[PDB]
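> Single-letter residue listing:
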Amino acid sequence: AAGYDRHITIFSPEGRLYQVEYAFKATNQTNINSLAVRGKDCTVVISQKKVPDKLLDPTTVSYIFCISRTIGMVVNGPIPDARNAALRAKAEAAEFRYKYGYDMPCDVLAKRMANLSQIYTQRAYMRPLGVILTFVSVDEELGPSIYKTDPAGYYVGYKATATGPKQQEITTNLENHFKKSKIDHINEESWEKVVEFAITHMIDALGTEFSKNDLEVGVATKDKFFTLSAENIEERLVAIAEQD
Amino acid sequence: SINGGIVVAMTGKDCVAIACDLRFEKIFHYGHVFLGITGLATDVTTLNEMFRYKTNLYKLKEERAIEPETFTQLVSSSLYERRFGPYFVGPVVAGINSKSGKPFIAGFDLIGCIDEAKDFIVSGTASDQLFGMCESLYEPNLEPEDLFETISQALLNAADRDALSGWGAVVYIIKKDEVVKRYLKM
Amino acid sequence: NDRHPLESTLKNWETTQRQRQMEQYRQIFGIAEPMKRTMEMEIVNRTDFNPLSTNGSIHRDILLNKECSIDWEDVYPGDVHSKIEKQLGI
Amino acid sequence: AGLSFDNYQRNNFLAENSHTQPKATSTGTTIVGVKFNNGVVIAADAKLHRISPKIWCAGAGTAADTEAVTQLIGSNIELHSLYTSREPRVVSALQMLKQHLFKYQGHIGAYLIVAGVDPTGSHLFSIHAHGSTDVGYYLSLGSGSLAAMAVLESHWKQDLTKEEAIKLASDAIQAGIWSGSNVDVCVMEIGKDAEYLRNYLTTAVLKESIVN
Amino acid sequence: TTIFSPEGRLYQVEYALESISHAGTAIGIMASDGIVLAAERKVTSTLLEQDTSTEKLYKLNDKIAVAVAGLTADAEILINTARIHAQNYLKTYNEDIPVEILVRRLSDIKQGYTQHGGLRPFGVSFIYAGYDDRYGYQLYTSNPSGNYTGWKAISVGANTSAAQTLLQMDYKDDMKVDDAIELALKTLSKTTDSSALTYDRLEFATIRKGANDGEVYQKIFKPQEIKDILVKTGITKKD
Amino acid sequence: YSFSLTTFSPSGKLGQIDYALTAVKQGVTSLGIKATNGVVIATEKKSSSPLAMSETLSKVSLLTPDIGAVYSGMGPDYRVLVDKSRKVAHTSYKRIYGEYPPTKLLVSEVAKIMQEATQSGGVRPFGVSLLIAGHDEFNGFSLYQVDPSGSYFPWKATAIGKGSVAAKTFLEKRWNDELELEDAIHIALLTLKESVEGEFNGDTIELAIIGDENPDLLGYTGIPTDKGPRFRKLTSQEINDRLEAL
Amino acid sequence: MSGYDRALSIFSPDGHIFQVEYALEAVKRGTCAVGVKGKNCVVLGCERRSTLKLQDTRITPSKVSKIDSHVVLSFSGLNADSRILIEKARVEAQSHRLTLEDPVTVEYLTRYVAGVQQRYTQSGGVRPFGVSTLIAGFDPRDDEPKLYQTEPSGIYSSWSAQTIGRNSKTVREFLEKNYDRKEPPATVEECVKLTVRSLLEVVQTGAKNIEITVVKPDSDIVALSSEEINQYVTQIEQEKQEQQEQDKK
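Protein chains in written order, with the entry's author numbering: chain A, 9 to 252; chain J, 6 to 28, 40 to 202; chain P, 48 to 125, 137 to 148; chain I, 2 to 46, 61 to 193, 198 to 220, 238 to 248; chain C, 10 to 248; chain B, 5 to 250; chain D, 1 to 249.
There's no promise every hint is true.
27 Å max Cα-Cα, derived DSS-like pairs, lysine-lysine [said to hold, decoys possible]:
#1 B:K177 with J:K70
#2 J:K77 with C:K100
#3 P:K141 with B:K108
#4 A:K107 with P:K83
#5 I:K243 with I:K172
#6 J:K191 with I:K24
#7 A:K33 with P:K83
#8 D:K216 with D:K88
#9 P:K113 with B:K116
Don't read these hints as lab results, they were simulated from the structure.
Between the sequences and the hints, there should be enough to build the whole structure, so can you do that?
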């Protein structure tokens, strides 16, 4: 057990903070896979919905959060740690918009949230959250955008980031599409084709078809991030089923 | 002890000058940078203590002496700190860039607005008698001996010609590698 | 009084702006948010004592959202046993 | 910390008891603004200040306070540009300047006309010392502001080019003329560097001792 | 964790004293008309910038200098505190700080970091040097414990014992600063782990009076001046 | 109250800092070289995925218009030090002296921040070594390394991270006291070509210089007094053009 | 609380083997410090360890430290700690007069010193001071000599003679034979002679190692020099030769 090295955020002889490595195993406690992609004028987030008990209300299960008018995120990890980080991200965007007189960029919120994770990653009495945060917006400076943030406080931009315990298959299929298409976004002029494209990739990667209630969707255009209802998802599933 | 008094500052070809009233000089130095302060004598001495401290620490921390323009920014930012209750003073910095050789003179209000006249500077109450004399006697690009002559006659002429037994003036003439302090009496 | 109008306001500005912020977060997000934020600040303030350094702390500027902002209070700032017997109680 | 009141009461007895407190230098002279075609001109008759390369100001009231706030906010704008990796917006500087002028309740006597170009376009605003704000295609402050505003209104039209904006700027300044007294101008144009244009218009007894 | 060993002895102070016992050697010698400081610097790096202005030797004010054995990161915190205290004394009294008041000032801060369990002690030993009118030329030493002592000649850091024996047999109470130059260079060449002494391995300084009655002058030697006292002394690594 | 971290081990060693130098020793290599008329600092960008856009992960950072920095170690520790280092330059020195601090005064202040993290309860020391490089009117060009200890050193050239001992041996073998800035750039590009984990091109490599003043980058004309940024971050096309001269 | 008293074998409570016991061990390892009262003086004396050949004597601190014009303190145990303990007492006394129009009383200089030492015992992972002290002097407007000892635990006591540090058993044994509480040394010279005899039995070599301060009423504080204590040592050694040769056999 090596004493304090494994139980507080302090360096092992090797130089490993066991508090951070273990918090990356917490993010896979949901058994949920999520996928995000950039279109031409939008960015889209598709997330696996698990509702095993008949007794749940599926309208209260959601890993997608509206962070402000223009920005939104999916969370991979426990819902208590996803609601805590969503509430911070909502407050950080609100105070930036007041201080600097313009809407908080996705890049700036991912950096601000990643700087907070570096505290818990150095202070021995602070533990890193058990969540990965996947911010998306249509920034006026960088158009459609995706930024991912993790328990170690490392954040970077992305064009098709994804988090889940089967994320490697989705990512390996995304890399092969971006390798053949050679554009860094999917070239659809309307978000309906982007979401349908994002439900064609998660079907093909996870080896299962999806009902309208077994799927989630997000639609980030300029001036609005919003969540789809099950009938808007079924319009896309119907159009996938009309094509094939 | 006498409150007020005048300081005058002036540029020549590779040289500077700082005249002042005696009868405790208004004019201090911190290496090659000279500071003539007029006004309340307590603030003149408190600023001497404060700039001696800051500039000794600068020399220690930075391995070189504080240059005339850097000292201008330091005196103005230090004076500005005292914004709601300022130093009752008119500081006049002077000095010759040790890496350039250019003459520098600047002066400030009590909260640190920088004048940077390329010819001459005045400070103290009843400045505008000397401002006329100094504008009358000055010419550009003097040698050090003529530069001493113009600043010393400015001090003498604008002097109270009724009390010239109570007179005494210090003129620092400052050059690249040499400083001469002439005391001057009648 | 003879004392400058602005003096008592600027003396307490840092405290007042955070105390006012915590009451907005209580109102908009509920008691859990200022309870979280005050305990983070307690861990950072209480586990960070060094008698020769008074120049704030790096994580407190991250927590307070002061990591890229200068006040006049940051450019114009203002015994080890006396510090020790204040930190521990006399 | 910050601006102190140490000798506030000490100087409340000096002025009462007959020391003339030194005069704070004031720039009371005309300052103007021009939201001209694809940019924005500002001018004053030492007096034009930078918050960043693309955002500039003209100041009136206390000279030290117009420099001091524009340099403090210029520091925060530079740090925020480094923090966000984006060019600093005029609305961000306006928010900082106006929010800083409010903390100080108009005891910092800077009256300021703020202009610049940023990734959104070209903007023009003015802040009074109590921290309250104007916007317009053309603004003027200082004693000549009545006469300057009469000239600004009498000749402004949409698609004013650089040269015509610079003429109107200079005529609204020269309509303030009959410290200061010739034009400095800066021109911010949306694709281009801020163009700054300076002045657009035996006797006595001697003893001596050597010193270091 | 600042608790006593059952003998009434402080483990952390002993471990800080083990740390400085590796930390490079420094000698100071008090002549009848000036003080000499010298320090030996383990330059195992070719790309480290020799002709950097300081590492072992530092000014505290216009008449006080130090040599450092120990962690340079720890030393620089104390050195700044001493510089602030020297100028705060000069500001208060209009007079230059007496050497005893400043040496013991840094000995009171270093004792505090040994009593409170949240603080590790400072891994530094200082050989202070200076002049004042109250005493004259003074040479002091201070160590991680907060102990300080007055000396006529002393070594700190590595090889202290060999150096103290070499000082003791050649030191004279009536010697001049140039005899102390010679002695400190001889002592270091008779104590060094490196094969021979040379100007980049050596940090040097002096506290002389000069020709002019009001002067005391602290030449912290640049490398070329050290090469001259090396070739004059007979250490003379010369073409 | 039995409270501190980084206490002394019986052999006279600080222990926790030693473990903090093992985290530094695991990072993607960075390096720096000083020349007669300029300086170079360089590193590789390691992608967590090829879907990541490493135009967002800058590793080479502007501290003041004449000072640059780069790291090896934990990048999160380096984003937080760089923003304190920027705040320090403005608040301690620019706002008192109307000019930016030298590269010895800013390195001392960064090192003072890392020393305070060793001598504390509650906090681990930093997992980064920083190379800070710059120019000043009286010191001239300079390069320094800062470690988790708060120890700082002036260097002619250095390297830190995985490939650092082979890099430091190449830097000793190639450095001479008459290098110019185009020469030092070539030596730095050669050194990263050996240390590279991934692909070598202008997109994977970070490279910055402090060189001559660039009056183009000041973004406003009319003030010759203001010379314009010495610090310039090489564009990905320049890096690919120099990588064609390799 | 120690040794062979053990019920059903034994086990430890919170109790005796503790930080303060190890501070008492540090005090015993520090040089010998002694004090004796007289009819109208008090003399404090100390052991210097014999100074090294390269040590500087003119600036070496006097071991007996003046806290105020009428109060003197000496110590055994840790020097660094005693320096921090004398600073607190000195400012405490100067502050006493500034706020009470009264110089500090010797008993208030002993309750304060032991009092601050007790707070570093009580709690906090701040260690107690490895120091024990003699505090001696006179109150103002009085001619009674006072002499107190303080210990690392913050216990203090009044003595007409006492010794602390190295070898102090043998010194306290000599004092119990040579100090009569009915008829104490009636003159300063005899008081100093008694302290030089007391120290001569325990010091390393001789007159080098002894140093004494004499306190008298009305702030007459007086360190004795090496040359003055050399004439005491020599007179005592003369009387040893005289006593030996006055053998009758």
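> Evaluate each hint against the coordinates.
Here is what the structure says about each hint:
no.: 1; hint: B:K177 with J:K70; result: 44 Å, violated
no.: 2; hint: J:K77 with C:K100; result: 18 Å, holds
no.: 3; hint: P:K141 with B:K108; result: 30 Å, violated
no.: 4; hint: A:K107 with P:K83; result: 23 Å, holds
no.: 5; hint: I:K243 with I:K172; result: 70 Å, violated
no.: 6; hint: J:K191 with I:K24; result: 32 Å, violated
no.: 7; hint: A:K33 with P:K83; result: 24 Å, holds
no.: 8; hint: D:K216 with D:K88; result: 24 Å, holds
no.: 9; hint: P:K113 with B:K116; result: 19 Å, holds
The structure does not agree with the numbered hints 1, 3, 5, 6 stated previously, though it agrees with the rest.
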